[PDB]
Amino acid sequence: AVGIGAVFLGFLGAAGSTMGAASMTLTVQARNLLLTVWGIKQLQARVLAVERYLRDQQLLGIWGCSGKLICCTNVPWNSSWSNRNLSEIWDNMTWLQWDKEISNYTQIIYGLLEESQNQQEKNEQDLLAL
Amino acid sequence: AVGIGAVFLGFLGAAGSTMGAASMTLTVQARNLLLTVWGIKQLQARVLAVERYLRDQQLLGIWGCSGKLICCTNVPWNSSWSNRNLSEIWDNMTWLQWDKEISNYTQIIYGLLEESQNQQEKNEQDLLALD
Amino acid sequence: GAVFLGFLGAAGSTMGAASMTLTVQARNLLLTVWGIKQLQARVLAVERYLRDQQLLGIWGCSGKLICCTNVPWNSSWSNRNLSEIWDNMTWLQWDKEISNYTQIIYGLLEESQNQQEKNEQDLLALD
Amino acid sequence: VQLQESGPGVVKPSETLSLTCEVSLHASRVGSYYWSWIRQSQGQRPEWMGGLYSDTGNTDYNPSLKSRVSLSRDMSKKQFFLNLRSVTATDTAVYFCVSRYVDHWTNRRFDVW
Amino acid sequence: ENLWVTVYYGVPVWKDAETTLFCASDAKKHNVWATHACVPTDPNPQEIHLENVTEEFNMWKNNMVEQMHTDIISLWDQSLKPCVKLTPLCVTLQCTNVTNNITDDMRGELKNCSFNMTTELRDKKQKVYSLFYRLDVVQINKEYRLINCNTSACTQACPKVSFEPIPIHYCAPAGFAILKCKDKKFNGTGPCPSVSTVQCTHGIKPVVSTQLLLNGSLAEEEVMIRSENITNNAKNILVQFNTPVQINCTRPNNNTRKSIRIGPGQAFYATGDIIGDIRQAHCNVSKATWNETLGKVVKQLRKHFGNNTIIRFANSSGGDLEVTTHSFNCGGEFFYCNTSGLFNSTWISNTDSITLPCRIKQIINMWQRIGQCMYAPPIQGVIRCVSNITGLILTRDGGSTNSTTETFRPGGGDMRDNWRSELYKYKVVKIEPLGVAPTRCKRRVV
Amino acid sequence: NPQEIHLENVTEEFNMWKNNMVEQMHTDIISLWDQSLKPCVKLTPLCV
Amino acid sequence: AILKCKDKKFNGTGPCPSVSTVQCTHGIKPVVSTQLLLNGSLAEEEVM
Amino acid sequence: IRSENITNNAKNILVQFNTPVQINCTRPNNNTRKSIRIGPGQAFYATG
Amino acid sequence: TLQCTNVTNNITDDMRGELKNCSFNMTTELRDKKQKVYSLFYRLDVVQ
Ligand SMILES: *[C@@H]1O[C@H](CO)[C@@H](O[C@@H]2O[C@H](CO)[C@@H](O[C@@H]3O[C@H](CO)[C@@H](O)[C@H](O)[C@@H]3O)[C@H](O)[C@H]2NC(C)=O)[C@H](O)[C@H]1NC(C)=O
Ligand SMILES: *[C@@H]1O[C@H](CO)[C@@H](O[C@@H]2O[C@H](CO)[C@@H](O)[C@H](O)[C@H]2NC(C)=O)[C@H](O)[C@H]1NC(C)=O
Ligand SMILES: *[C@@H]1O[C@H](CO)[C@@H](O[C@@H]2O[C@H](CO)[C@@H](O)[C@H](O)[C@H]2NC(C)=O)[C@H](O)[C@H]1NC(C)=O
Ligand SMILES: *[C@@H]1O[C@H](CO)[C@@H](O[C@@H]2O[C@H](CO)[C@@H](O)[C@H](O)[C@H]2NC(C)=O)[C@H](O)[C@H]1NC(C)=O
Ligand SMILES: *[C@@H]1O[C@H](CO)[C@@H](O[C@@H]2O[C@H](CO)[C@@H](O)[C@H](O)[C@H]2NC(C)=O)[C@H](O)[C@H]1NC(C)=O
Ligand SMILES: *[C@@H]1O[C@H](CO)[C@@H](O[C@@H]2O[C@H](CO)[C@@H](O)[C@H](O)[C@H]2NC(C)=O)[C@H](O)[C@H]1NC(C)=O
Ligand SMILES: *[C@@H]1O[C@H](CO)[C@@H](O[C@@H]2O[C@H](CO)[C@@H](O)[C@H](O)[C@H]2NC(C)=O)[C@H](O)[C@H]1NC(C)=O
Ligand SMILES: *[C@@H]1O[C@H](CO)[C@@H](O[C@@H]2O[C@H](CO)[C@@H](O)[C@H](O)[C@H]2NC(C)=O)[C@H](O)[C@H]1NC(C)=O
Ligand SMILES: *[C@@H]1O[C@H](CO)[C@@H](O[C@@H]2O[C@H](CO)[C@@H](O)[C@H](O)[C@H]2NC(C)=O)[C@H](O)[C@H]1NC(C)=O
Ligand SMILES: *[C@@H]1O[C@H](CO)[C@@H](O[C@@H]2O[C@H](CO)[C@@H](O)[C@H](O)[C@H]2NC(C)=O)[C@H](O)[C@H]1NC(C)=O
Ligand SMILES: *[C@@H]1O[C@H](CO)[C@@H](O[C@@H]2O[C@H](CO)[C@@H](O)[C@H](O)[C@H]2NC(C)=O)[C@H](O)[C@H]1NC(C)=O
Ligand SMILES: *[C@@H]1O[C@H](CO)[C@@H](O[C@@H]2O[C@H](CO)[C@@H](O)[C@H](O)[C@H]2NC(C)=O)[C@H](O)[C@H]1NC(C)=O
Ligand SMILES: *[C@@H]1O[C@H](CO)[C@@H](O[C@@H]2O[C@H](CO)[C@@H](O)[C@H](O)[C@H]2NC(C)=O)[C@H](O)[C@H]1NC(C)=O
Ligand SMILES: *[C@@H]1O[C@H](CO)[C@@H](O)[C@H](O)[C@H]1NC(C)=O
Ligand SMILES: *[C@@H]1O[C@H](CO)[C@@H](O)[C@H](O)[C@H]1NC(C)=O
Ligand SMILES: *[C@@H]1O[C@H](CO)[C@@H](O)[C@H](O)[C@H]1NC(C)=O
Ligand SMILES: *[C@@H]1O[C@H](CO)[C@@H](O)[C@H](O)[C@H]1NC(C)=O
Ligand SMILES: *[C@@H]1O[C@H](CO)[C@@H](O)[C@H](O)[C@H]1NC(C)=O
Ligand SMILES: *[C@@H]1O[C@H](CO)[C@@H](O)[C@H](O)[C@H]1NC(C)=O
Ligand SMILES: *[C@@H]1O[C@H](CO)[C@@H](O)[C@H](O)[C@H]1NC(C)=O
Ligand SMILES: *[C@@H]1O[C@H](CO)[C@@H](O)[C@H](O)[C@H]1NC(C)=O
Ligand SMILES: *[C@@H]1O[C@H](CO)[C@@H](O)[C@H](O)[C@H]1NC(C)=O
Ligand SMILES: *[C@@H]1O[C@H](CO)[C@@H](O)[C@H](O)[C@H]1NC(C)=O
Ligand SMILES: *[C@@H]1O[C@H](CO)[C@@H](O)[C@H](O)[C@H]1NC(C)=O
Ligand SMILES: *[C@@H]1O[C@H](CO)[C@@H](O)[C@H](O)[C@H]1NC(C)=O
Ligand SMILES: *[C@@H]1O[C@H](CO)[C@@H](O)[C@H](O)[C@H]1NC(C)=O
Ligand SMILES: *[C@@H]1O[C@H](CO)[C@@H](O)[C@H](O)[C@H]1NC(C)=O
Ligand SMILES: *[C@@H]1O[C@H](CO)[C@@H](O)[C@H](O)[C@H]1NC(C)=O
Ligand SMILES: *[C@@H]1O[C@H](CO)[C@@H](O)[C@H](O)[C@H]1NC(C)=O
Ligand SMILES: *[C@@H]1O[C@H](CO)[C@@H](O)[C@H](O)[C@H]1NC(C)=O
Ligand SMILES: *[C@@H]1O[C@H](CO)[C@@H](O)[C@H](O)[C@H]1NC(C)=O
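Residue numbers (the deposited numbering), protein chains in the order written: chain U, 512 to 545, 568 to 663; chain C, 512 to 545, 568 to 664; chain R, 516 to 545, 568 to 664; chain D, 2 to 114; chain L, 32 to 59, 65 to 141, 150 to 185, 189 to 309, 312 to 321, 321A, 322 to 399, 412 to 506; chain V, 80 to 127; chain A, 224 to 271; chain S, 272 to 309, 312 to 321; chain H, 128 to 141, 150 to 183.
A hint or two may mislead.
What the hints assert, rightly or not - Derived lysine-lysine pairs resembling DSBU-like cross-links, with alpha carbons at most 35 Å apart:
#, chain 1, residue 1, chain 2, residue 2
1, V, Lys117, L, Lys169
2, L, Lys347, L, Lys252
3, V, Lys97, A, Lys229
Said to hold, decoys possible - So the derived list for chain V, only partly shown, Cβ under 10 Å to chain C, looks like this:
#, residue
4, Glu102
5, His105
6, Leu111
As the list claims (entries may be wrong) - Pairwise CB distance ranges (calculated):
#, chain 1, residue 1, chain 2, residue 2, range
7, C, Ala541, R, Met535, 42 to 50 Å
8, H, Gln130, L, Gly431, 28 to 36 Å
9, S, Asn276, H, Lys171, 58 to 66 Å
10, L, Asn276, H, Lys171, 32 to 40 Å
11, C, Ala541, U, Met530, 24 to 32 Å
12, D, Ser7, U, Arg588, 37 to 45 Å
13, C, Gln652, L, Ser243, 23 to 31 Å
14, L, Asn197, H, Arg151, 38 to 46 Å
Hint data in this document are derived by calculation from the structure and do not stem from the laboratory. We put the beta carbon where it would ideally sit given N, CA and C, even for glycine.
Model the full assembly from the supplied sequences, consistent with the hints where possible.
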């Protein structure tokens, strides 16, 4: 095992795959996520990209996912958003179709996630007071 | 409960409220925290806000809080800094008065919080190396 | 008083001699033509810091300066003793040859951390 | 928070009925409000027609009104409309615009009618 | 038999990279160099010596000098941009010789010119006179013209800004570092035994010169001789002195500045009549001190080249006036002084003051560029400046007669060579805080 | 619909004649006027 | 943040009791005048 | 054949074909460029 | 004022009238002097 070559899936190559298959291609997208008029336009584009990444990192930071890609949450999943079986939503549906299916409930999920994490931190603080 | 909306306090709404009441509205402030002369000025302001946010995140990262808003520390609180009851500060005092009251010691407080965590960090290290 | 070291003071020191002065270097990462030049260099510095922090956050070192991984070190890349490389070798000398093999190391760390996260998710699901 | 309905009191049959409800938001309660239209006839129980959120704008209608009700909103003037196509004689009722939103500051429901 | 990798952050390692340096100064109104837009300097430098580590330092390839020449330009063009353009000045000129108490050494150097120039009203013109020099005035056929009339026009360089070389400090941005070679006898290329990390450099003065290195950095124990290839005819050999020698350059002419309204809000500062006797501007150097400095230079040249050989100095070979004569700035006035009085000596094995004549030009060209120039406006009073010359830019000659009788002549074919004598101790490196090391701890499985 | 959030139980010491908003507004008005006059034609031949 | 004083009789300098934050300022017309304030903002209840 | 609306009369039609056709354009006039000094460093290139 | 004449130096029938030999006074490096120069301009670039 001295001439073994390692190749991985390309950037956005798991778009047409299933949820479980695309669940292992998160690190590649995460690492690949990052005369005066030309300089200011390219500088503004880079600053906008950095600000967008900062906003996404802060969005995951206010929740209980400060750094980890995969993380759970104690709040349950109501069937009002999507009432589908786990055996087929992870093996017979891509990320594009699933994102377009519940695109109207993303704000509600984000709000409930942030309030659940805030009350979770308050409960942890009260528990540590014993 | 399916036909109800979500409403929270606005930006800086609990500025004049108590500490216990203002401790639950930190999420909105944290989220709100983030011809070429006009472009240079706007980019400079945006970038300046970026180093201020990264400086705050770096100051929190050196401690035992990797991103969480509310977090506890292991260093003891010196009673000589305030000499006041916890009940009256959390129930009869705003964050502004508390900030101007101990505005001096905060800096040196940050320093202990930092080195302490440093030695605290190597503590798990000389234990995690025992595996 | 208390004197530890300064910025980059352990460049010529060995591995173990430089293993405890990494935190000061950790905080050390952070007419109109000169203004736009300063702004461009400042943006580049911010981008480098965010890229390094992102690469650390991908692995199991999101908020830790010292961290180990469950991947077995491949002896073909080093072929040396632990005490010899940690007591009679500097960081620059090791950097001269680990530069060609750092891409495969980073890739294996990323896939291994993703596999560990998947295993943790399955453990939490199965309780 | 105060609401106020507005529209034509007497309308001819078969066209689309348009209504507008004045919504008065709070002082320091920025968020998302759920606006709904509930009508009640004389001596008949009230029935919920439709509802919608103020942030995303998604709408929910009654299972017997897919081809007649149409909900719209505009955050600029803080007013939301109601469009009921093909009005019949059974549509003679009292219309109420309600607002439902949980207040995280005081843990209240604030079911203002 | 088995090991686990360990990730280390903030590791003390660096690599060679390029970046744009910052600025740092502490003064004060207006200047041709770095204005108030530059961030103020730190109250004390953060210099930290590094032990047990050696770094390969080598100039002529680092981009600090290229970045600095470029920034001195862009900023110079930006500074000259808002001044008044002097296109209406290059008109037919009627010049006569001045014979009003003029010394015989300058018979024919100053010309009293007269011309028809426009006024504030576009429908009127006025006949006005001014004094010009023979170097920036060329004949046409008595009817003369400017030397830059057939070339592109240029500004006047407004008196509100000053040409004083205010020192500036280049600071590395975040994630980068500047390494300084603390070796007292570094030859310019090779490993440096003592390296020290610093955030900003010293007080580098952005002065302009071609032959004599004005206000350069001094050595520690003896003079230094640096060159890319000492055995090559090209690649100018620059020498840095260990002690500074003073030079006194002055203009005894009492020039008078007069204002001429070119048009609406456009003013031209012309040279009026000369008050008193007219004398040639010159520089004075201590003959004994210069001879001692030349003795130290030839001693180091003999120890660098073959031993027990005879060497000599000669003046400039030729070319334009920028490299033929010593060109520099003194109180806003540009001087071109004859250097033949200094580089004229013979030194063999086992072995009160000199006055250098000087000329003054108004329409100049600081660099090799031909599309731009500058009309230096005359200032009133007697200009006198005492400075220190700490270096030379000497070049050899072809046809080596068995390594015997080697001659050296002043050069100055490049502008960045002046800044290379001040930016030789520093280098720019990029810090890579990510590192890996095969320990045995392993990750503690959740 | 700009957000207006009332801040009760707090008093801020307002002080005019030192606020930088008016200075920035003056500088912005001057800069906007100068940039607005840039594409217009100069009137140099009128001085006759 | 931008703080606005909602006091009807707000003085030149002092502690404003009714403070309210806002995302952006109200409609301000940058008129040009030297002696009489033309098209300016009116007061609340009396001349100040 | 590419178009935003093929049935639209005012919409343009873009046709692309695989085998290109070669066109040979020539200007047999052997004119001589002449430089005219029209000011300080300004050269107007005219047809001689 | 460009005084133009037609070019009949071996001109063809189809190219006849397309070119015009125009003479005019142009400024030089010296502002107080002018020069009488001649050039060739196409009919599409000149109007009567
Ligand atoms: C501004 O200050 C006033 C005066 O304190 C606040 O009004 C009242 O404040 C209390 C304490 O913060 C609120 O909690 C209540 O406390 C009493 C004990 O005093 C308790 O018996 C109640 O069950 C309740 O927990 C109270 O809700 C509040 N409002 C009332 C009485 O109408 C006011 O809230 C402050 N403003 C802000 C924005 O915080
Ligand atoms: C695209 O879809 C095909 C069809 O599912 C994938 O190919 C494999 O097809 C077999 C058919 O029995 C499945 O059992 C496999 O699970 C499929 N592979 C995977 C990895 O799921 C194909 O891989 C898909 N490709 C992409 C890029 O999405
Ligand atoms: C911080 O410490 C100072 C003493 O060093 C306290 O007193 C202030 O001292 C400065 C000058 O040293 C004066 O200008 C202030 O007026 C003093 N303050 C008062 C309230 O008198 C200061 O109060 C301390 N600040 C805290 C504890 O927040
Ligand atoms: C440079 O190297 C020397 C020797 O390699 C270092 O000296 C060692 O210092 C440590 C304590 O600092 C002692 O425990 C060792 O015994 C010393 N070594 C020897 C051989 O005596 C010195 O510290 C190094 N300096 C730097 C800055 O790295
Ligand atoms: C890392 O890569 C470089 C270049 O790819 C290797 O450099 C080689 O060095 C040897 C001996 O110095 C030369 O004979 C080769 O010609 C170099 N390679 C090339 C492409 O020029 C270097 O050895 C590599 N490091 C390791 C540890 O293998
Ligand atoms: C400035 O212009 C005047 C004319 O206004 C020149 O004076 C003479 O003018 C006559 C015509 O009236 C010409 O024929 C002469 O050739 C002009 N010159 C002389 C010397 O008589 C005057 O010469 C102009 N000055 C300059 C420096 O060109
Ligand atoms: C500057 O000093 C360095 C270091 O000695 C010189 O580099 C090498 O020096 C050794 C001396 O033993 C020579 O054998 C090598 O040939 C040198 N290298 C090269 C590429 O020439 C360097 O030559 C010195 N430079 C000057 C101008 O004296
Ligand atoms: C320094 O310059 C001399 C110039 O003579 C170089 O010597 C010649 O180099 C060429 C290669 O470019 C050889 O082909 C010749 O044989 C050399 N000797 C002669 C002409 O006598 C010398 O190589 C240069 N040194 C460096 C380090 O650049
Ligand atoms: C240069 O020439 C001018 C023009 O002759 C001199 O200026 C004065 O010009 C007026 C024109 O009417 C004469 O009447 C004066 O006699 C001139 N002055 C003098 C002192 O003669 C100017 O003085 C001359 N400058 C020099 C240095 O010779
Ligand atoms: C350059 O000018 C300076 C200042 O005038 C000279 O320095 C003085 O020289 C005199 C000579 O008589 C001494 O008496 C003074 O002590 C010196 N110093 C001062 C502060 O006045 C210097 O000698 C001149 N150099 C040359 C080469 O002319
Ligand atoms: C020129 O060189 C002289 C001699 O060094 C400078 O005068 C001071 O001399 C003393 C003793 O030699 C030094 O300790 C000082 O550091 C020198 N002053 C400075 C500012 O370095 C003189 O300043 C130099 N410059 C000029 C313009 O004359
Ligand atoms: C493409 O252009 C045609 C133009 O013929 C459009 O056809 C129109 O279709 C509507 C259907 O309601 C008719 O009322 C119009 O009379 C038609 N136009 C004409 C000129 O007859 C067709 O809609 C266009 N397609 C688009 C815009 O997608
Ligand atoms: C170029 O300038 C000359 C000189 O002014 C013009 O010639 C004049 O033309 C007018 C109109 O026909 C006559 O009244 C003058 O007598 C002429 N003067 C001279 C000195 O010849 C000429 O017309 C201008 N234009 C061209 C195209 O040559
Ligand atoms: C060493 O590296 C190769 C890849 O080049 C890999 O396939 C092999 O498994 C590694 N050996 C060990 C023992 O991990
Ligand atoms: C979902 O699972 C249930 C059993 O739990 C099964 O009856 C049903 O058919 C499944 N539906 C789909 C769409 O797979
Ligand atoms: C979904 O159901 C959970 C409990 O099953 C409940 O707490 C939550 O409020 C519901 N959400 C909606 C939008 O109905
Ligand atoms: C608290 O502060 C006092 C001075 O205010 C200091 O002497 C003391 O060491 C500090 N710490 C403790 C634990 O009392
Ligand atoms: C603090 O609270 C305790 C009981 O909670 C009380 O006995 C004491 O008097 C209080 N101190 C002050 C200064 O109010
Ligand atoms: C490791 O140490 C042993 C004992 O000193 C030695 O024999 C061996 O050669 C060392 N390994 C290497 C790679 O030098
Ligand atoms: C002016 O002096 C020069 C140099 O002596 C001479 O060549 C020239 O002929 C003189 N011109 C006049 C008009 O005297
Ligand atoms: C401009 O005139 C000078 C006069 O000496 C001459 O040397 C130079 O070649 C001329 N340049 C051009 C472009 O004609
Ligand atoms: C130069 O001339 C002016 C004219 O008044 C005079 O004041 C000044 O003293 C003169 N300078 C010298 C050095 O003679
Ligand atoms: C230079 O020396 C000469 C004598 O050789 C003297 O006349 C002149 O005044 C001196 N100039 C200065 C500035 O010392
Ligand atoms: C220069 O000094 C040397 C001795 O160092 C001496 O032989 C020589 O004559 C001196 N030359 C002059 C011009 O003083
Ligand atoms: C050159 O010769 C002299 C003779 O005195 C001697 O002192 C010196 O060391 C020699 N230098 C070299 C480099 O041989
Ligand atoms: C150099 O000096 C010689 C000796 O007098 C002289 O003939 C020659 O013209 C001088 N050259 C220059 C460029 O000064
Ligand atoms: C410098 O002076 C010498 C003195 O003889 C002279 O020969 C030489 O031509 C002068 N150089 C210049 C450029 O005038
Ligand atoms: C050069 O020096 C010699 C030595 O006496 C002298 O005769 C000659 O005139 C000098 N030449 C110049 C141009 O200074
Ligand atoms: C084009 O075709 C005509 C046909 O007679 C020929 O005269 C002419 O030379 C051709 N031109 C080129 C450029 O092939
Ligand atoms: C155009 O004229 C030039 C003038 O020298 C000549 O060299 C060239 O061959 C001519 N070309 C043709 C195609 O006639
Ligand atoms: C010159 O050419 C024009 C067309 O550009 C034509 O109208 C006119 O008649 C021609 N004149 C002569 C004399 O050929």
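Each hint tested on the structure:
Between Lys117 (chain V) and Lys169 (chain L) the alpha-carbon distance is near 29 Å, which keeps this suggested pair within the 35 Å criterion. A hinted pair counts as satisfied when its Cα atoms are at most 35 Å apart, and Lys347 (chain L) with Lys252 (chain L) qualifies at roughly 29 Å. Distance hint between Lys97 (chain V) and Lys229 (chain A) is fulfilled; the C-alpha atoms sit about 20 Å from each other, no more than 35 Å. The criterion of a C-beta within 10 Å of any C-beta in chain C is not met by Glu102 (chain V), whose closest approach is roughly 14 Å, and the hint is violated.
Interface restraint check for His105 (chain V): the shortest CB-CB distance to chain C comes to about 15 Å, outside 10 Å, so the restraint is violated. Residue-level restraint check for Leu111 (chain V) holds (minimum Cβ-Cβ distance to chain C is 9 Å; threshold 10 Å). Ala541 (chain C) and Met535 (chain R) have their C-beta atoms about 33 Å apart, which leaves the hinted 42 to 50 Å range violated. One distance hint, 28 to 36 Å for the beta-carbon pair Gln130 (chain H) and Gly431 (chain L), holds here, with the actual separation near 34 Å.
Taking the beta carbon of each, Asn276 (chain S) and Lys171 (chain H) are about 59 Å apart, inside 58 to 66 Å as hinted. About 57 Å separates the C-beta atoms of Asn276 (chain L) and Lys171 (chain H), a value inconsistent with the hinted range of 32 to 40 Å. The given range of 24 to 32 Å is respected by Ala541 (chain C) and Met530 (chain U), whose C-beta atoms sit roughly 30 Å from each other. For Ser7 (chain D) and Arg588 (chain U), the Cβ-Cβ distance of about 40 Å falls inside the hinted range of 37 to 45 Å, so the restraint holds.
The supplied range of 23 to 31 Å is met by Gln652 (chain C) and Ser243 (chain L), whose beta-carbon atoms lie about 29 Å from each other. Between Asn197 (chain L) and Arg151 (chain H) the Cβ separation comes to about 40 Å, which falls inside the hinted range of 38 to 46 Å.
Hint violations for this structure: numbers 4, 5, 7, 10, all remaining hints satisfied.
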